[PDB]
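Construct the entire structure; sequences and hints are all you get.
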Amino acid sequence: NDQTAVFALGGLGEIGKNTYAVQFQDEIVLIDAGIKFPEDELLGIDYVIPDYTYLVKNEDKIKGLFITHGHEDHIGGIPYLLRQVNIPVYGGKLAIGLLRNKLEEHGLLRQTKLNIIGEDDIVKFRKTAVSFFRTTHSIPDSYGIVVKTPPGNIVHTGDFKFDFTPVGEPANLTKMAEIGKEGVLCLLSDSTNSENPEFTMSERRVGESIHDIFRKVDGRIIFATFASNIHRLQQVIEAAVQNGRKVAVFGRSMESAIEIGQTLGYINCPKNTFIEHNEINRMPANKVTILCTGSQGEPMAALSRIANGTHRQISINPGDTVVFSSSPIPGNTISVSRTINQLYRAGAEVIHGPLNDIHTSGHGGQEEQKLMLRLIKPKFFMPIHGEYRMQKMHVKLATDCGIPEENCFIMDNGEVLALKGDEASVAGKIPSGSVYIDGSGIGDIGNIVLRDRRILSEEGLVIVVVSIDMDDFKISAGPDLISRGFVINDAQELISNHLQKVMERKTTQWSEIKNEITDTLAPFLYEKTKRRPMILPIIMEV
Amino acid sequence: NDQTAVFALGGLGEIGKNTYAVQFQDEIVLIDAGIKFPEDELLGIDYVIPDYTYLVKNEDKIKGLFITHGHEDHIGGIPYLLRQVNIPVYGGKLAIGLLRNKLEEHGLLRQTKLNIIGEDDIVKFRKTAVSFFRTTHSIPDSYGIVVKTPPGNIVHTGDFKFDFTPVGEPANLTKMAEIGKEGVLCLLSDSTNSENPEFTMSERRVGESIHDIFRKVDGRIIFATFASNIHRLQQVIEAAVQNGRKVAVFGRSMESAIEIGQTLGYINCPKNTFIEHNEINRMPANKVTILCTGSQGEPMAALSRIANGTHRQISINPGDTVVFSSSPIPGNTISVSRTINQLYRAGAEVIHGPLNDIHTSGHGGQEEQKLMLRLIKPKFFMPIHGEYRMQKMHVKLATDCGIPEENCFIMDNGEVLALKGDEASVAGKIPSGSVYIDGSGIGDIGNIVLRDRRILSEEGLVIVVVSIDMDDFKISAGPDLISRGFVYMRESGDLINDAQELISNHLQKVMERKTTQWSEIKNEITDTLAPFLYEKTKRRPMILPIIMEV
Amino acid sequence: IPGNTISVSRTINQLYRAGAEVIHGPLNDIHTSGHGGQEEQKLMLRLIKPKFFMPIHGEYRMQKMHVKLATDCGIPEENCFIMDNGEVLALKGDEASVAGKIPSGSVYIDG
Ligand SMILES: [Ca+2]
Ligand SMILES: [Ca+2]
Ligand SMILES: [Zn+2]
Ligand SMILES: [Zn+2]
Ligand SMILES: [Zn+2]
Ligand SMILES: [Zn+2]
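Chains as they are written, first to last, in PDB author numbering: chain C, 6 to 492, 501 to 555; chain A, 6 to 555; chain E, 334 to 444.
Derived from the structure by calculation, the hints contain no laboratory data.
Check before you lean on any hint, since a few could be wrong.
Only some residues are given here: those of chain C computed to face chain A with a beta carbon under 7 Å [said to hold, decoys possible]:
#1 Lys180
#2 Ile345
#3 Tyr349
#4 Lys397
#5 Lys401
#6 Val454
#7 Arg458
#8 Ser462
#9 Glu463
#10 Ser472
#11 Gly490
A virtual CB, placed ideally from N, CA and C, is assigned to each residue, including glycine.
If you want it as structure tokens, here you go:
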């Protein structure tokens, strides 16, 4: 009507896929278009992506895609979205930088309009304008966003914590306060860490903890962290340098992040601090610092190979100290444990866990979330970037801060928020969903495919194959059983004796034979094996 | 030897399968014979079990199987062991009780000798004797074990914590102290919680926390915990009763635990405290207490059905309070989160986490483990019941308590410890391993089979089948492609059609050579199909050719 | 030690003012009590089997709380005697009680 619409195509009720939109009449601003990693249950899948059908049926209106920060769950689905619409993209220097590299691997670099913005840029459209304010997060150069529309102003926090002693440029509190004063129709705030009451430890503190390790450790330092945390990488290098240590880098994403961190200016280091892979074994233990990936136990990554049997250039020598400057993402806890066990078994010493202060969340806890709420004055409030419980708890925070429960909307992907100064409500849905990605396939693999993968994976299969030349109705080869994932000579006989009685009979079509095979083999296997393999007959006419 | 041997057939380098043995000459005492639950990566599997080949090749010598406590990871593999050897079993009243029920489901109840022992029993053999001492753990009626042998005494802690204000019978500290004085050659101590420096909170404290919830909650209480924790179940019932609430039970294991807890005497409750499933919806919110399973998010369990769509008799009404009187076992964290999200979405209120004091470990932390070490005087020390790191840290605890690092043996399943007053060492291996169980099939499965399921589950498969020859070596049928899990047939019938042609044109050029043989054809099919699919699809299906000679 | 908190603060202020660096407090692990806490006290109680129990070496509240520890460990409240200086405990296998006083007090020493 005469209101503004706000909605998510992904990012609500989940961590990942974060793609949000604000739409006013014929103009529509997109915020983020990330990717999501498949939960274990989606057997073959590589990535998950939002259903863009609405954005497609409305491409003409899309005025731009803006990028809060450069994390995969914000930036990662952009190649896939750009295959289905061609729209202009705006972001900070680091996000655009990372997306550039990404669009090469996909080819779509040539034909997309990449825009780099900064604190002070405003991009105006007919009846809609977009401004920015700096925040703090687990990656450099992160912005929140203000979308001005007639009915009022919408604010997107991006992903944020508060850090009063940051490694990077301090979050713009002055500007956030202004934004609230100027008036704010609705706030989309990061809900991820809303269950934690504590105030997020400062990166300054982990830096201190890093330097402390570098002074105490007598041998090699193997330091595993997240490639995307440029500032943390900076602290590690400094520690290494300031302790007369050289740095070897392991992992395409690590090299890739350091390279882009170096250009662009987040990483500065002297001359011969960096070292080549062969050079390691030469120098003394206490001058080597290996900086790799695999802090989540992912078994293809650097650290896991180093521990788990062997990697090429690096082996664990007793006295080595490995540092997990991370925290296990849910479900990776077993992976990480395995790695740690191996490292210990291989004689290393491990520094992991919370009692050592070598990690912090990139997402603010309750006090930080409430600081946002009291810097902006949202008439209305929509929790984003979290599972249901994170959204719920976030809302308790907002009601506790005075905003009425009837002005708080905990939503799902696809629901739409009708926003106007004197009224707001969930006014209906939009086409939404999840779209799967295995190999070069993009939405190419349905559920009916995944049910097969599941069935296979629990039970196995047994293939019954026969050649029959059905003129004098005779079985001229077989039946042969070939099985996988199931464990059959007795069965090969059962299905033979019986298949012969079925040919003598002879009024035999094709589908009835497949059925006669299945319908008499299955129960015999179940009898013997209490299992239920996928049994599938193949007939050859010869 | 003139030494005693000590070893594990499972339970080291892992949590689960706990089966340990002490052997002196021709006599050999077993302690525990548990089962283990499959890590996600073992696709089809139901349970894992130790390789008993050594126990089999030596059945005559086995003098008995003794049972510390009655947890599945200690008692659960016994039906499977008893299929391959018939030996006498000894245990406390609760363990034997639970194993009895178990042996019915398996049939082997008729033909096995179940023995019930208590604190004060000694079972003697030619040159070997077995005694007991009470400990505290997350299940009632738990014992530690002392195996006396000529070369010296071996002590097995079972699973233990320390609780000075327990719900059950207090751990026998006096007797532990005596055992150490009397002399101890080697200690096998529970390593599971060795990474935690803190002192384990007492069950008394959770009971208090339970009663507190029962006073504050205005509506229904849905209380999810571990069926095997009879004493915790007792505290829940008391709270319910003492607050004029009735108790509805949900879960076969929950009913089963309460029943055996009731008989045997761990659970006592008045008249009409227990309620039938239909009776719930009748009475007022604040008089209903539902006591179920599914605190780990297991999707077939009671609580999960209640939240996740629907269960039969029970739905979530706003105002309901669900209590997770548990802590998420590693890897179940995602399951539990889902459940909690649903519960919240369904208008419930949830009490989960550590800041509310509604759970404790059944396994002692560092101070407790050190108390053991200073009650027993082990010449030598062998950490048991934990992953490698837990064993390692446990050893640091032992060295810190003065026992020399060269007397501490962190071992793997199968390694054997030669023990004698003046010398000890890992003196060689024994046949050991893991035996998977799917269906009614023990070791019906191999690691090759799991590789197949793994390959199958991610990639799919494509079967290429051909009939060949009149002895003329011509292709008389095919090649036909039939695929599953690889691509949506109902739509890729375009892709696999091109492939059906590729493999035909090429397979014809291969038949006009006779510089070829059976294995070379399968390879020629695979080696030329695979890359084409990868080209088109970037997936890598398991491609397997079947040839028929006609 | 209670009541010395102001003394210690003054010293620390001066030290800081004089350009020193001070390591004080509980977050650095540079001190422990010489006296066990509740779990330790309960370990005692379960190593000895006291028919009867008398809390010593503490202010009233410390005696009281100590007794809650003993009752929690199963020893009956009527077998626990929180006493004052001078009271006397009549102890015999089948009976015990505070059976009267003795001359007691504090003698000050000045000079
Ligand atoms: Ca794949
Ligand atoms: Ca199965
Ligand atoms: Zn982020
Ligand atoms: Zn994010
Ligand atoms: Zn146990
Ligand atoms: Zn156990």
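Now the hints, each set against the structure:
| no. | hint | result |
| --- | --- | --- |
| 1 | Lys180 | violated, 34 Å |
| 2 | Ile345 | holds, 6 Å |
| 3 | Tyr349 | holds, 5 Å |
| 4 | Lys397 | holds, 5 Å |
| 5 | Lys401 | violated, 11 Å |
| 6 | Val454 | holds, 5 Å |
| 7 | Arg458 | holds, 4 Å |
| 8 | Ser462 | holds, 3 Å |
| 9 | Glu463 | holds, 5 Å |
| 10 | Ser472 | holds, 4 Å |
| 11 | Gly490 | holds, 4 Å |
Comparing the model with each numbered hint stated earlier shows that hints 1 and 5 do not hold.
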